[PDB]
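Colleague: Construct the complete structure from the given sequences, taking the supplied hints into account.
This is what each chain is made of:
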Amino acid sequence: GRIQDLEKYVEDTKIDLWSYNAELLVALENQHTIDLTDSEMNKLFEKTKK
Amino acid sequence: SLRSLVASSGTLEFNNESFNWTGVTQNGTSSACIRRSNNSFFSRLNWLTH
Numbered sequence: 420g421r422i423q424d425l426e427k428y429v430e431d432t433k434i435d436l437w438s439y440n441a442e443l444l445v446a447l448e449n450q451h452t453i454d455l456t457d458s459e460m461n462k463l464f465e466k467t468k469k
Numbered sequence: 123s124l125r126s127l128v129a130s131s132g133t134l135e136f137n138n139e140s141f142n143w144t145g146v147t148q149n150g151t152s153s154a155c156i157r158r159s160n161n162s163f164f165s166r167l168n169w170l171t172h
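Here the protein sequences come in this chain order: A and B.
Per the UniProt record's numbering, the first sequence starts with residue 420, numbered consecutively.
Per the UniProt record's numbering, the second sequence starts with residue 123, numbered consecutively.
For the record, the hints were derived by calculation from the structure and aren't laboratory data.
Be careful, since some hints might not be right.
Derived DEER-like restraints, expressed as beta-carbon distance ranges [to be verified]:
1. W437/A / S123/B: 36 to 44 Å
2. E430/A / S123/B: 13 to 21 Å
3. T147/B / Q423/A: 17 to 25 Å
One-sided and incomplete, this derived list gives chain A residues near chain B with beta-carbon spacing under 8 Å [what the hints assert, rightly or not]:
4. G420
5. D424
6. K427
Ideal placement from N, C-alpha and C gives every residue a C-beta, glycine not left out.
Modeller: Structure, rendered in structure tokens:
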């Protein structure tokens with residue numbers, strides 16, 4: 420009952436918050452990495468153009 | 123804790139069981155808990171008296 424419910428609730432809240440953090444972390448880093456690799460190509464193109 | 127444990131189970135399924143109460147009076151009843159203008163008691167508890 421009561422005390423076990425709280426221990427269960429503490430872990431379930433924590434797991435949801437880390438699972439969210441992990442999903443968002445990869446999504447933010449991955450979008451930026453793809454953008455940074457595209458940027459280097461554009462810079463090289465512009466550098467060659469200049 | 124009791125409220126929580128009943129609530130989580132989600133059923134009031136009750137099976138009567140035959141305890142051997144040889145030697146005491148069964149089906150005790152009170153005027154504080156009247157069902158149909160007769161003295162009665164909690165339906166699921168069995169008040170034993172002398």
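Colleague: Now tell me if each hint is right for this structure.
Modeller: Consistency of the hints with the structure:
no.	hint	result
1	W437/A / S123/B: 36 to 44 Å	violated, 29 Å
2	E430/A / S123/B: 13 to 21 Å	holds, 19 Å
3	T147/B / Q423/A: 17 to 25 Å	violated, 39 Å
4	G420	holds, 3 Å
5	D424	holds, 6 Å
6	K427	violated, 11 Å
Of the numbered hints given earlier, the model fails hints 1, 3 and 6; all others are met.
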